[PDB]
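One structure, pasted below without further comment.
With one protein chain withheld, the remaining protein chains of the complex are depicted in position.
Chain nomenclature is as follows: A and B, assigned in order of appearance, with residue numbering initiated at 1 for each chain independently.
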Amino acid sequence: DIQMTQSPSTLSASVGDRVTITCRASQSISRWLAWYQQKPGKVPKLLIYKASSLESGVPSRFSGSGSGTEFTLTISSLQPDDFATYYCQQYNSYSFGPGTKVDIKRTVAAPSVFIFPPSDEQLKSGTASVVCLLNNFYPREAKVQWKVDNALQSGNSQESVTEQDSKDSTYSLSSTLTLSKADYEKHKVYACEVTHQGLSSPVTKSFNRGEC
Amino acid sequence: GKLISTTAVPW
Partner (left out) sequence: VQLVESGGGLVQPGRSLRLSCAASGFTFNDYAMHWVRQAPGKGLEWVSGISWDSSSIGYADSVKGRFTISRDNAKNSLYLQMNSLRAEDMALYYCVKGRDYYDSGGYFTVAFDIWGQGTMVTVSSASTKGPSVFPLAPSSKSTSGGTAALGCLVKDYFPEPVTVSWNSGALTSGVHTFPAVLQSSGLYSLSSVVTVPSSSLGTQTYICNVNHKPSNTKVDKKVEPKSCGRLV
């Protein structure tokens, strides 16, 4: 069993940058390593194989090096076609690295944070969904924590994120806390606490069920 | 070392 790791997991880049991303094998794989590009909804594309051979038709700004356990993929001058996720794979036994996503750098933008109580219609059905919206932020990394009467929640929320916006290059994210009606009715304060590079302190959006 | 390999070559 050969573990492939990749670093960084994400990278913010600009057209014209030289970007180098890393792939590592838990044991020697000699030169039997290939790099693939993949974009949302599209098929992966072979870029490099045997560690450093450039595939026919692939632009020469792409290069690969390494042998044994440490491998690198380099883009000498990033072009708009190159924003994508990049995967390495070893050919002793075909395990893939977890991927490196190269997205479009823009200025740091803190999310705008909004909270939504459950609807009467939904409560009537026996469930309560509480939604927290993080709108138009960058970079992608963001932490959302739920608190119910100030007790930190775990295991009862799920989040979803958009792809990077093609015009303003931001992300948006929802986090949804799901409870039974009875549990929702046992507490009073529902709060979404957001941490993000664009914020000097965490932002909390909250409501009191009895006022809402 | 190879999970899948053959000694035979298609040429």
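What we mean here is this: a contact is a pair of C-beta atoms (placed from the backbone, for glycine too) under 8 Å apart; a residue touches a chain by one contact, two chains touch by 3 or more.
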Exercise. Given the contact definition stated above, which residue among A:28, A:119 or A:195 touches the chain not shown here?
Worked result: A:119
Seminar exercise, completed: Of A:89, A:164 or A:169, the residue touching the omitted chain is A:89
Problem set entry | Touching residues on chain B - with respect to the absent chain | 2-10
Exercise. Which chain A residues touch the hidden chain?
Worked result: 1, 32, 34, 36, 38, 43-46, 49-50, 55, 87, 89, 91, 93-96, 98-99, 112-119, 121-122, 125, 129, 131, 133, 135, 158-162, 172-174, 176, 178, 205-208, 211-212
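Everything below uses one rule, namely that only the chains that are shown with their structure count from here on.
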For this session: Report the inter-chain centroid distance for chain A and chain B in whole angstrom, where each centroid is the mean of the CA atoms.
Result: 38
Problem set entry | Touch list for chain B against partner chain A, complex | 1-3
For this session: Please name which positions on chain A make contact with chain B in the complex.
Result: 91-94
